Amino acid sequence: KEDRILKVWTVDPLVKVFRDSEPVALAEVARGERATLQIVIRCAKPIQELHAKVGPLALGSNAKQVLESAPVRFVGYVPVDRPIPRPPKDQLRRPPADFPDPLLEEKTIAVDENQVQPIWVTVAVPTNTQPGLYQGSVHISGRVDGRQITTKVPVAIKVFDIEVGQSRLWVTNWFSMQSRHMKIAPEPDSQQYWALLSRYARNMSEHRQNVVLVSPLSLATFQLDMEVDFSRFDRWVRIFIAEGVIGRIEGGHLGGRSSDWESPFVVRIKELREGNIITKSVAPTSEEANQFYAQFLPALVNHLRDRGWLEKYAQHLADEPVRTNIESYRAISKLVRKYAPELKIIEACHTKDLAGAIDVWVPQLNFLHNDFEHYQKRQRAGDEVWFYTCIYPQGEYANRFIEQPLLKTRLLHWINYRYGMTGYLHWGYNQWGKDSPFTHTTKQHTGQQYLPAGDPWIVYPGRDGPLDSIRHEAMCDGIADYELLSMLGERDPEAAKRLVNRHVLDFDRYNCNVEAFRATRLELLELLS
């Protein structure tokens, strides 16, 4: 006894806890938000069978009014072996190091001696929850050198009388339908395939994603005697509607680069060749491109209109146009404008010189900063402007890299509010490679640069569906923050400016002080309640 005492403390969930962190639970939320509590343990001896149970979280005026807690999850660690090449000053530690990120879904875990272990508690608070102060405890148990150890940790959730429903922010995370590294491996069109697709869709809507990228080329079949069959595309759309994502439908890219970074764009077509439908890439000004798109685009518009989906849809042309391939990009736009004038066009862009060619602009964050007057004008002209991050920007800009403070993920959506950008895009929902994402955090193809840890995936492969990361949680919370700030700004625009300006000081400069952030959140909640 003494070496068996369990050290327990509570840490703000915006603070990343490392295996060697030193010791230091209340959450404050609107109805409609998710409350997170992070409870951290350490023991001088190994622990077997660590388990936590959330007791009833009850209203003091009425023990009958209880919040429903999700199953408890354990914070998992991943080896970040190589760093962001241009890191921020506030980089949490220098690689190589083990960082907290995946939220594991295990009933029990082992802890090695002297290793700090976070326990992550999520309480989703429905909009119809009665406001007030909910209290209870988390019962932690396990076995240390024979003996059963146990402790209860007091926790409290204050539920403010303000309702956050759907966030008006548009959010897309590009998703690949794949079961790599899972304990299941469904084939396409199997029941389990569609069940997994549903589980992914639910995970996305539970994290306030309300846009999904679906390809009308890849998920259609063609007969070319043209007849287009959209039945697989439709199954996807109905799943994403039913699980509460759609929202909007983001049509997959029609084309891409012919070769290298500055090469011209080509567009995919379908052709009948020797009895088979083949796909090939052609110049957008070609007769082959004109013949295909003159039939495919009207078929797509008719289909969407007939299904009541046309006003929810926007079509991608080709990703990340730059100044040197602008002509071929615009030639793709001309095809769409000609055969499908009713279709809205969306693009993740670098070049700004696309007025009339696209309707939903998605500049990379640093390009938005640099070309801000351009993008404000496009909004005045009636276009939508969102933004993205990826491998870039690095430096001091906000992003969702594992090396960054977790507030840099959450404050992405404060950048949306401050600057009036009405959506956010990211390529990297679940782009796992052939190596495990748990043990190989810096994805890399041979002869090209590695991706910083955090960039290609924000969820991890569980046994039969996605596991969240702590960054997925922070992203969801930021999307709810944007809705709160938007509700405030309708009543009191000056108070919403003051609050956002506390944390978003410029495009590339923030206040990530977690205590300051909590005091801002509380003022927001108090002003709105």
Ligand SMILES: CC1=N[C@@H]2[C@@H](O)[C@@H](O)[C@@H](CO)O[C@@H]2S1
Given for the second form:
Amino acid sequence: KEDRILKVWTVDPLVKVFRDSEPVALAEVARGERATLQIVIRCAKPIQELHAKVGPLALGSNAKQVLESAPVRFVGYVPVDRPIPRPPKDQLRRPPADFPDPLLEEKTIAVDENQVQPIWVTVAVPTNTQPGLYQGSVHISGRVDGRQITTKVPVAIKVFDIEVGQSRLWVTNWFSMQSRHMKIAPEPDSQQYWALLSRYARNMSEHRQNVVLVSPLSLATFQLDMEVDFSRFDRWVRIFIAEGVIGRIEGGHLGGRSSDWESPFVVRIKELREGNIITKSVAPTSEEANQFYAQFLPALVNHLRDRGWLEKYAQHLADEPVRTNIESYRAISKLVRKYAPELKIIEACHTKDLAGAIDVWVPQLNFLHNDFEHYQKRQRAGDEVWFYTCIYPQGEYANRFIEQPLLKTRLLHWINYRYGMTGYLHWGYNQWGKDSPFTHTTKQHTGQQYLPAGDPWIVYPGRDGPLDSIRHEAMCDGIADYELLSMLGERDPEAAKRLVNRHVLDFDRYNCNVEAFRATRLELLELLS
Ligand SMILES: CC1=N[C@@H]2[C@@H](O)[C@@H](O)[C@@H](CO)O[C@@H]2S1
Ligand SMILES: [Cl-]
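Follow the form deposited without the named molecule with the form solved in complex with the named molecule, if you could.
Let us now look at the entire complex, which starts with that chain.
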């Protein structure tokens, strides 16, 4: 009987729990935020059919007022085989090691003996929820050595009388419409294809993404006696409006590197050759580039204006310009300024020498830190400044690598608040390769480089749509934190500064103490209520 006893504990959801973690549930939220609870179990014998059910979470003053809970998810583990090459001091464990990341959507799971297993409870709290203290329990059941085991864990959610609606922060995660590794494989233009696209869009909006990257070149068809048909593009845009993302439309890149890292940029064009529309890359100063873009850009602008989408749209030229290919970059910009002067231009950038050439700057975080005075000047001049993270930066900078503390994902949006950057970009929503992302966590990059685990995807392939990671959850939470700090700063700018300054000490230095963070959150909620 002793060996059948289930050990149960609760762990803050900002703390990652390993299979061999040592034993150690209240959530404090605004109306409109998501509450998360992490319940952890272990047993000296194997468990079959582990299951959890959330009971009614009811208000003490009125048992009729209930919160609605999402289906319970189990934390999944992935093997991180190779490390961040320049790791942070606070790296959670040294690879190789198994890390918690995916949120699985299984009704029941098995657990091997003496393996710690986290259970993840999500409660989305609508804005019209009555403030108060909601209480209930989670019922955990399963089978051990034949016999049914069952236990109830008490939980509480305090809903503060402060409404967090849409966050004013702009957030994009670049997305690839693909069904790799899923149990479905829809063909383009099938009903299931459009249904899966809608499911991704809903996932993105439920995590406070409000920008989507959509290519006006690859989602159009061309006839060239030029006529451009944007039907496919428009279907994408409609779906992302309907599911609550758009928001803003980020136009897919016109061009890219001709070869290696310092090579000149080329632009894609469409041409009639031997009766067929063909696509090729040309120099942006070429006559072929001029002929194409003189007709395509006005068609795009006219199309966006007619649909009421022009003021929501910004166009990418070519990714990550550097000093050594700045001239070819500037030649793309010149085409767009010439033939589409009304179009806003956005770019993830390394070089800063682009004044007049772009409207929405998106420097890489360490480049922003290093050139902060330039970026603040661009803001005074009326430009928008965001930032991104990716394979870089590494070291002590915040990022969404699996090896990092979860607060480094969440505090990215505290960096946005402290330094006045009004949006955030990441390239890596779901960039799964041919190998399973559950078993091959370090994707191949340029030459001998690999991408650190966590960089290419924040969601995983489920049976028929995306599965969240814990990092996706932390990102959503930070985007809401930004809105709360912004609401406080409207009323009490000095109090908002003091609170953000407790966790963002510099661009590359933070306080990731979870107890401290929860204390700051509670002060923020108390001040606003
Ligand atoms: C905006 C960006 N562009 C690049 C992407 O296409 C990927 O190669 C990524 C790898 O981390 O690095 C940077 S982030
Ligand atoms: Cl270790």
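Shifts are known only where both forms have a C-alpha. Residue numbers count along the first chain shown, from 1. If you superpose the two forms and keep the largest set of C-alpha atoms that fall within 1.5 Å, you have the rigid core.
Residue showing a CA shift of 2 Å or more between these two forms (rigid core superposed; candidates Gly382, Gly447, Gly146, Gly275): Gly447. Superposing the two forms on their core, we find that the Cα atom of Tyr77 is displaced by 0.1 Å between these two forms.
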